[PDB]
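Asker: One letter stands for each residue in the lines below.
There are 2 protein chains.
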Amino acid sequence: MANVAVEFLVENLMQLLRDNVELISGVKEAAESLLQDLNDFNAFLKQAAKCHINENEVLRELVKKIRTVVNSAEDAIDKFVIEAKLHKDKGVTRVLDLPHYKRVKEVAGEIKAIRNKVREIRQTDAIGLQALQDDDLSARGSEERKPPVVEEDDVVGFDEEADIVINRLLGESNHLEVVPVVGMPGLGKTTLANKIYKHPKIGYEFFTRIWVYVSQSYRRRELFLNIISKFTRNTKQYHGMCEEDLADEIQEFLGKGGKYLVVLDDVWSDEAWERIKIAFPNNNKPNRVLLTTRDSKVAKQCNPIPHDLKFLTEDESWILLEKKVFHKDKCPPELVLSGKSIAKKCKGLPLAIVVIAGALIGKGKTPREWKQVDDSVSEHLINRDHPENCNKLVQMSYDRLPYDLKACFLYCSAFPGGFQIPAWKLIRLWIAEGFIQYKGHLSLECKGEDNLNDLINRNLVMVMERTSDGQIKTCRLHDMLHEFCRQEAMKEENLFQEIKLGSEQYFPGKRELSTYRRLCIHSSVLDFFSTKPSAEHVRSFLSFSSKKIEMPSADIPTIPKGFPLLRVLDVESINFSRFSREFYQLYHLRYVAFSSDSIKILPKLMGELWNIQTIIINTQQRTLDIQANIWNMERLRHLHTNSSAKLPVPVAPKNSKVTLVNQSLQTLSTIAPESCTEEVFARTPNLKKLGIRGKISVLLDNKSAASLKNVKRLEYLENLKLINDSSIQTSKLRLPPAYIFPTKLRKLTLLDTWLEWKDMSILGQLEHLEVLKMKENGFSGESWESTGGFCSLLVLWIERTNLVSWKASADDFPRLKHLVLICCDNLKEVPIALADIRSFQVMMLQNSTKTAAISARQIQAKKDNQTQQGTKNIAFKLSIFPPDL
Amino acid sequence: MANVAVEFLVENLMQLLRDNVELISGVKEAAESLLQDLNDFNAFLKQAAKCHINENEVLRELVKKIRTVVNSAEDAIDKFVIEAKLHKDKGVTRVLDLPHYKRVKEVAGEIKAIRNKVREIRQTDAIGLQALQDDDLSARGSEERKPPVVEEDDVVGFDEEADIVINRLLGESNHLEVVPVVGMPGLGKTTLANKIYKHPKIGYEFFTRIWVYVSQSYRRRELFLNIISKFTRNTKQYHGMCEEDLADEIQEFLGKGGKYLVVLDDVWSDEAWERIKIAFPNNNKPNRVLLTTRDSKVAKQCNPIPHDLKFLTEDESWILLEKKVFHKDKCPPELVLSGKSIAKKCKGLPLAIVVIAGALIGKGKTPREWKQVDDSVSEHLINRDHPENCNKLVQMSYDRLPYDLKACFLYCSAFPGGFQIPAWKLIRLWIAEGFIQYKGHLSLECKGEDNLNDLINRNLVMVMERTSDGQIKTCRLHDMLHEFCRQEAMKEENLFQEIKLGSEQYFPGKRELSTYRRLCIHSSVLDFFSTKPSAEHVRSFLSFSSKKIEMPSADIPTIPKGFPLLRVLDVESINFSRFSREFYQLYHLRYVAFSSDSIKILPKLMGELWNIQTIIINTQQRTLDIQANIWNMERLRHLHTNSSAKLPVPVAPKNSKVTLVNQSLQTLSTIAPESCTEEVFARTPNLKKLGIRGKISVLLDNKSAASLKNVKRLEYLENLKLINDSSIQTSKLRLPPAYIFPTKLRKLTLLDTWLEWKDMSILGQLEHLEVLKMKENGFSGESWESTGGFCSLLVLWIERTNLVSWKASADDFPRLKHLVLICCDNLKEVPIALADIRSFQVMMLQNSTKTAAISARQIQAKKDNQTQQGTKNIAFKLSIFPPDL
Ligand SMILES: O=P(O)(O)O[C@H]1[C@@H](OP(=O)(O)O)[C@@H](OP(=O)(O)O)[C@@H](OP(=O)(O)O)[C@@H](OP(=O)(O)O)[C@@H]1OP(=O)(O)O
Ligand SMILES: O=P(O)(O)O[C@H]1[C@H](OP(=O)(O)O)[C@@H](OP(=O)(O)O)[C@H](OP(=O)(O)O)[C@@H](OP(=O)(O)O)[C@H]1OP(=O)(O)O
Ligand SMILES: Nc1ncnc2c1ncn2[C@@H]1O[C@H](COP(=O)(O)OP(=O)(O)O)[C@@H](O)[C@H]1O
Ligand SMILES: Nc1ncnc2c1ncn2[C@@H]1O[C@H](COP(=O)(O)OP(=O)(O)O)[C@@H](O)[C@H]1O
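If you read the protein sequences in the order shown, they are chains A and B. Position one of the first sequence corresponds to residue 1 (the working numbering), numbered consecutively onward. Position one of the second sequence corresponds to residue 1 (the working numbering), numbered consecutively onward.
Because the hints were derived from the structure by calculation, they are not lab data. There may be inaccurate statements among the hints.
Given that identical chains are not distinguished, each listed pair holds provided it fits within a single copy or across any two copies.
[Said to hold, decoys possible] Below, a list of computed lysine-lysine pairs in the DSS-like style, where the Cα atoms sit at most 27 Å apart: (1) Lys-365 with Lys-88; (2) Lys-712 with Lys-85; (3) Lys-473 with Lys-328; (4) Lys-146 with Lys-363; (5) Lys-695 with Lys-747; (6) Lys-712 with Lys-28; (7) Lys-862 with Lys-721; (8) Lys-510 with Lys-862; (9) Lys-646 with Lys-600; (10) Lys-447 with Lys-688; (11) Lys-689 with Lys-447; (12) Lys-872 with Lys-50; (13) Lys-323 with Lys-64; (14) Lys-345 with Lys-117; (15) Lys-473 with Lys-600; (16) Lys-259 with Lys-230; (17) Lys-747 with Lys-447.
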């Protein structure tokens, strides 16, 4: 929507005028006039939106040439901004310094020319309401959208096929065979496969099972690294092995553990199946593999008897539609007829129902809306096998979307098809692109998360992993939806443009690149940067590669000089040996994510990019030294980093009354313990997530417990993470008193701390803490006896600890929901009192002692009895990773 | 509720531990113990609340005494705090301050005794905790509540009485007669009176209408001065004029203006009517007085033909109850029988029905709850004449009320009965007393506002005036509810005790004053403070008087010495000429409201009190030079004042990296323009309401300090006020560009600005500004021609302007809903284009040109036709000051 670009330009111009006046002093008057006209045309575009746009070419023409003028104004303003900053760099004290000054205010003359063009547009419709405001539709208020709790986990109508396949399993013991699952894309084949892969009988028959995604454009070596990594604790030895040596290692590991079932999803081509099949040992075991392929030919090649997947019936279609739209409630009688008719028209494709239900929940719950959508679906689905019909359905659903969500939904497809998108990354990117403008009181991150939840609720985005606390971790768009979004954003809206090197595709030259606004490179990027490309009007650069691609020492200056107006730079997959001097002139940089392996310092000149919001640094070094003054940066909002980051000691200016209190800051992933001083925590009043990585002894030492004492000050802190790197238990550590931990702390994670289980009482004294995760021997001891306190704890996660005896009563954990017990090889028993917790929903046991498994089974039986006794107790599910335990 | 005391103690203790260790260094261990045992006691009390403590005697005792130890622990800890700060004052640099350290350690011995007493009882609490937890009830989550917009304004089945009354008037012209209104309390007589006082026929016949409240304890001169205040601005002169001569002036003012109606509200005794009737001239005109009384004898004396109020009929009862319970929505069929039975059981007393509706709202909307309510009401309403039936009904409603809200109703009674409680003051009290605890993310004030709105929704608190934008401005408790709340809070929970004295009675002695927690004095207070009283366990002192009482120069230091452990000091109605030293030693002070007339300098030592939230100062001086380092009082949240305060110039400490950035702050009501400086705004990042008073020119002048520019920094500001005191128009003032104003600004007010009507475009450019109030010639000029911009503006308020020609199109004010044209004696007419605005509902035209009023009637007729034309247009209301128009 043009509204988005207009609003972002307005906001950026206002910010420029307020904060830095000198930069805009030369042009400030033209800037202000442009800003007024921008507000006016934002209102104009809103009105034009009120009227049907896709049903009128004249309307689109009207809004057109506002977008072009806006882009020209944007580019002129940015070029002047950078030029004036270079003038400041020149530091020319001369009152009249014509060189570059004539031409810079002549860029201001480009700004004035575009200002005049904006004025001419204003003239064309001085009112802007001459004929358009006369018409307005969809006038209504906006209501609340609610959180996306897990629902309809039951798969409608796929149990019969699942049973058929699970019967197809173990047909001929002592042999390896592949079970083909065939169906048109979007028929739910991967849903059936996932259901089977988690079925209890499947888990019990095969001790080992693996899920592998074989994209249309997979790479074999990554795939084998992925498969092996599950079985091995370390992949270092195999990182230097060849594809075939890797296959042999996989065969060995996989034959170690008896039988096995491997699921290969979306095997596009026969050649891929042939290339991969070698790693599976036909070891004369009753082994199996389940493949999901959209093509009948490859399915026949794999096995002459493919399992043809069935369309859902009309009754099943209606059931799924109602389930999706009304969740746990029931469809009002007046809407039942329309819903059933729609489901009938769907033809039974689960994806079609899942999308139409999204459209319905988007629109509303009145019979008129349902009649309208029924008419639309009748019109658009006359044919059956044409793949464009689902595209038309997606068009229907996407039309109703709010424009702010339309921008985000489009931007989602920038990621390579089949990529698992880190939700936090996606949200920080949205914020960096300005798609989410401050609307109300919610913090930006919270608003973005809400956006993502609405997207998922509509079903326009699929969820892959949920963090322990249940929120979203990684999501991906469906293949057809990904294609739709790619085509839409690339053609209709020109949001971004992809450069995929096919067997024949050759790099577009400078002239085509001049038109692009955002680049995404997901194929060989080193070849692209050997071209020494150039583009002034590319603002964003995205590269979501699979491998990590070193940057040649000669091509490093290609990114800055190639694009000097960059805003979003997502180059995590690209190792940089160092940073050229032209990185310190990308002044329009908001988001900057990259990787490295030899970077030990962030040079102070990085402190000049005054605009940046996010910073991500994935460096292998153990110690990273941030010399760049994060405090000077006025808008820093995130500082993720793996290494231990040593923040610069704050230094209040001797003659300035500026308080360097960054009020926007919201994260500091792994600051070093040595920089948890009082000042650092003074400067981040609104800090919402903190983590430390280093020698936790300095902090937790009482003789030096002033540091976690300092952490007592971040009133808003909600996520604390303590990570110990020192491998020597040079002394014992004691947790300071419970009152020292900020009162809202909801999530704590401990790793290699070696604390006494007698300190669990302190964490019991915390009242809001809701997810506790201790890994790599966070707490040391053989006997632990729960003393209550965890009033609001929801997920308990113990991993790799030498605990032996655990004693607790039902009242120790009133609100426990998820219990994760990994690699506790030395715990004799699990207290049965836990069987008496109502919140206790799902239990997981992994690499644990046999007595623990026995006690867990007693707990399962006990909770089954409790539910059978009529008590409204939520369903219980137990999952021991090794079935034999 | 005990949980409230325990929670407040816990929070205060935790804060003391975190901030100041030296104060607690002596008894840190006992402090932390107390903290733990208090948390456990709070959990125990919650659990006991889950069960019905009243049902079991053992429970009543078990809950009992946990509170006493908590009260005992508070007294000892507070006394230690003050004694230790006194030690700091001594500054005894000796390593062992054996003299008087053994005194503060005597207090510490009290502390340690208390800690041991808590550990005891905690043991006694340990036993039986399981027996308590075995039982629970009302297991449910908490749902959202919604804002209380005006609803059910119409009065059920009362138009018969209204028309009968309006008929009674005009019986005998050229004569003065008073019409009695009789009925039991809460029967709605005031409702009927207000209905009549607003009826269009009444507003047309009598030009001069006056509404007067005559409490049980009125004071004649007070109301006479108020009546005079209606006709002329000031009352200070007549403050030097006798009551009978006041009455003469009232009679003259009233007789000059044609006919007159006056409503005397809630007349109790005959003598009061006799005394007050004097002011009304029987000048041989058709004038009437409408008195409402609960006694038949006074009514009969005033007239042998009293108007008995009628009970509501069963159908009327049910319609009223349904309207209250279900608001606009109709009753669900399954609850109709229960609702009708309940209404029938109320015997037609509107107050009983109203409280029952509140109770039903509190319970929910399930048939079981309605059956339970029906049973209960049948139980408690066997009798009719006994007034205690309504007390039982309010008790029934109260029991279902959350304890946070419960803490109110009872604290609401503290305000003197019949007093109009300023909502903002009430909320800041709430906060200061600690009744409102951080639960979530809403700013404290917002949580208070929602509490108050919920109280109104349950109908327990009746509202009196709303601000222009509609948010509540002034509420009070109904008489029956007030007596119920006062008795309850004084007896059951001992929240506070009133000291008001009867004839032949004496002020309670020091022994009695030793068992008080809060003092409310609403009668002679100078007499009380001439007793030289003394109490150590009084934390709050409230004095909501009528007249401003001075404090004798010899009797000043009674309060600081009478009570040294004060928190709330609400002495707004007591004029202090100076402050004693013993006042500065008060350290437990949160709230401090007081008046004055000669106080020009806020003392420096006043800045030592670390714990203050609010500050109110009604100094008559024009300037109030503040020298208290507000920057150092870390909990400061308001600095209300009326004169032009001058905040101290901030200075970041030379040798401390601690930034003096207050982030709780919310308002700096009336600072001086000289103190609208950069730093003063850097130090208050979260400021949410600013006002200025002084020579607005120095702001609008850029040479002194770009101060209205500096206002740009307060990203959260939402209420601005520019008050100009300079009466000399030295030069014209020009508003800065619209981008300077904070983006969220939602309310602006300009008095004496004398800005040129051309600038109104700048205020048009603002996008959220919702209420513009220009009073006493805000803008100077004679021709105003709207150019648009006020997209979101909702209320327009013009007072005392020389505007002659106003030109506008319907597109300039799309969202307008309220228009106020006060004292526009030079304006000719208002653009009829406003008649086309759908949102336009209410417009008030006071003391303006008759041509403007004719245009107003044209607008009214046009909107009448518009609504008649089938458009879903909201009802329109026209208010015109003089009847002839
Ligand atoms: O600390 P944990 O409870 O073990 O959770 C971590 C943490 O994420 P959260 O604290 O937000 O939950 C890490 O956060 P970052 O390091 O990315 O800031 C994240 O990443 P790492 O793997 O690099 O530690 C990691 O991911 P994973 O689950 O893959 O181990 C995992 O996140 P979740 O708990 O959200 O899944
Ligand atoms: O209700 P108040 O607390 O008395 O304040 C509001 C207004 O501010 P807001 O409109 O933002 O609420 C002014 O602010 P303050 O003076 O209270 O700081 C106030 O000014 P004055 O009291 O000096 O007149 C004015 O007073 P008034 O009610 O007499 O108009 C009154 O106006 P509203 O209640 O209509 O908002
Ligand atoms: N049996 C089913 N019940 C409900 N939804 C289903 C079912 N089968 C498929 N779907 C939905 O159909 C859509 C397409 O399936 P998906 O799992 O995304 O990929 P695939 O088509 O490869 O199976 C998704 O929204 C999926 O949840
Ligand atoms: N139809 C009605 N007639 C009278 N009061 C009504 C009616 N409907 C609701 N009420 C409410 O019942 C109460 C009537 O008594 P009230 O006016 O409070 O007492 P009093 O007349 O003694 O001041 C008010 O709260 C009023 O708003």
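Asker: Between copies, within a copy, both or neither: which fits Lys-747 and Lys-447 at Cα up to 27 Å?
Answerer: both (20 Å within a copy, 25 Å between copies)
Asker: Given a CA cutoff of 27 Å, do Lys-323 and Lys-64 count as a within-copy pair, a between-copy pair, both, or neither?
Answerer: neither (41 Å within a copy, 52 Å between copies)
Asker: First find the shortest C-alpha distance between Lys-872 and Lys-50 inside one copy, then the shortest across copies, and answer within, between, both or neither for a cut-off of 27 Å.
Answerer: Between copies, since 19 Å is at most 27 Å while 48 Å is not.
Asker: Should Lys-646 paired with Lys-600 be assigned to within, between, both, or neither, using CA atoms and 27 Å as the limit?
Answerer: within (11 Å within a copy, 50 Å between copies)
Asker: At 27 Å max between alpha carbons, let me know whether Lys-862 reaches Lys-721 within a copy, between copies, both or neither.
Answerer: neither (35 Å within a copy, 67 Å between copies)
Asker: Is the C-alpha distance from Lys-146 to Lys-363 at most 27 Å within one copy, between copies, in both cases, or in neither?
Answerer: Both ways: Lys-146 and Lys-363 sit 15 Å apart in one copy and 24 Å across, limit 27 Å.
Asker: From the Cα coordinates, with 27 Å as the cut-off, is the pair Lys-365 and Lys-88 best called within, between, both, or neither?
Answerer: neither (59 Å within a copy, 68 Å between copies)
Asker: When Cα atoms must be at most 27 Å apart, do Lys-695 and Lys-747 count as within-copy, between-copy, both, or neither?
Answerer: within (21 Å within a copy, 52 Å between copies)
Asker: With identical chains, the pair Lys-712 and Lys-85 could be close in the same copy or across copies; at 27 Å between alpha carbons, which is it: within, between, both, or neither?
Answerer: For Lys-712 and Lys-85, the Cα distance is within 27 Å only across copies (23 Å; inside one copy 41 Å).
Asker: Using 27 Å as the alpha carbon limit, work out where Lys-473 and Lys-328 are close: within a copy, between copies, both or neither.
Answerer: This pair counts as within: shortest intra-copy Cα distance 24 Å, inter-copy 43 Å.
Asker: Please work out whether the CA atoms of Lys-447 and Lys-688 approach to 27 Å or closer within one copy, between two copies, in both situations, or in neither?
Answerer: both (15 Å within a copy, 22 Å between copies)
Asker: If the cutoff is 27 Å on CA atoms, where do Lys-510 and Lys-862 land: within, between, both or neither? Let me know, please.
Answerer: The answer is neither: 71 Å in one copy and 63 Å across copies each exceed 27 Å.
The structure is inconsistent with the numbered hints 1, 7, 8, 13, 14, 15, although it conforms to all the rest.
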